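Pasting a structure below so you can have a look.
For this view, one protein chain was removed and the others were kept in their places.
Lettered A, B and C in written order, each chain numbered from 1.
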Amino acid sequence: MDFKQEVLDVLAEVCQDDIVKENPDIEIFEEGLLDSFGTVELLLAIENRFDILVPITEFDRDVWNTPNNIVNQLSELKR
Amino acid sequence: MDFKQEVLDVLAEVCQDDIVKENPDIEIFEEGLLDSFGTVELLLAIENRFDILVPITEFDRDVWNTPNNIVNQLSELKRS
Amino acid sequence: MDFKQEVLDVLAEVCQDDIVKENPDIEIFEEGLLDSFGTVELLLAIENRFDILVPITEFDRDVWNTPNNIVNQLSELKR
Partner (left out) sequence: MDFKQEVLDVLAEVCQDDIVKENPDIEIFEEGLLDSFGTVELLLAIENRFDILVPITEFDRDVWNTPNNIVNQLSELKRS
């Protein structure tokens, strides 16, 4: 598999834009690609597809600000 | 603009019982003052009046068990 | 009781505005007092407090356009 691509794909699905897939360092929230509703959907998708439970309060737009950084925060979560 | 009182007022409305705003530490769900349909209504109201989005999937009767604790949970959510 | 006031109160609660209570003929949706989210909350509140189940597809903004008319549609529902 490719966990990076998995997350990037999910991210691209919720964002309805392939730009987040072609720019793994883009500022998702600054760019307005993901709103409050999409974020909630994102976290649920992660729980459903990766069995990683991310509490909404533990989610931080400053830390989970890019696709690469989201991938990072998720990896550190498992571990 | 008293956020706590505003939350208590909403809880009183959805529960259709003033007891939940007169007793901020009452065990809402253990007292059976709120069922699953009432919970869904509450979350809609919270979104509509406080702009706070609570995922039904994250709602937990054990943690959101009292008006006070519900107020606290909402406070946590609105901050980073 | 006063079923009219009950509905008017509920309506005023969801709308966050007493204007709908002081103007039982005001065009709620034209006036932008109630949006899609508030409508869903309205219907749920009705189900919860009056035991009247109004399917969202059976809800029509043209027919349920005023407080008085909502009260009317609800009464005809029961019967």
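Criterion: a contact is a pair of C-beta atoms (placed from the backbone, for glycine too) under 8 Å apart; a residue touches a chain by one contact, two chains touch by 3 or more.
Trainee: Just one of C:11, C:26 or C:43 touches the chain that is missing; which is it?
Mentor: C:43
Trainee: By the contact criterion defined above, which parts of chain A meet the unshown chain? Give residue numbers in ascending order.
Mentor: Chain A touches the missing chain through residues 13-14, 16, 37-38, 40-41, 44-45, 47-49.
Trainee: Pick out the residues on chain B that sit against the missing chain.
Mentor: Chain B touches the chain not shown through residues 37, 40, 55-57.
Trainee: Which parts of chain C are in contact with the chain that was left out?
Mentor: Against the left-out chain, chain C lists 36-37, 40, 43-44, 47, 55-57, 60-62.
Basically, only the chains that are shown with their structure count from here on.
Trainee: If you average the CA atoms of chain A and of chain C, how many Å lie between those two points?
Mentor: Centre separation, chain A to chain C: 39 Å.
Trainee: Counting only Cα atoms for the centres, state how far chain B is from chain C in Å.
Mentor: From the centre of chain B to the centre of chain C is 22 Å.
Trainee: Per the centroid of Cα atoms for each chain, what is the distance between chain A and chain B, given in Å?
Mentor: The mean C-alpha positions of chain A and chain B differ by 28 Å.
Trainee: Residues touching two or more other chains, restricted to chain C: which are they?
Mentor: none
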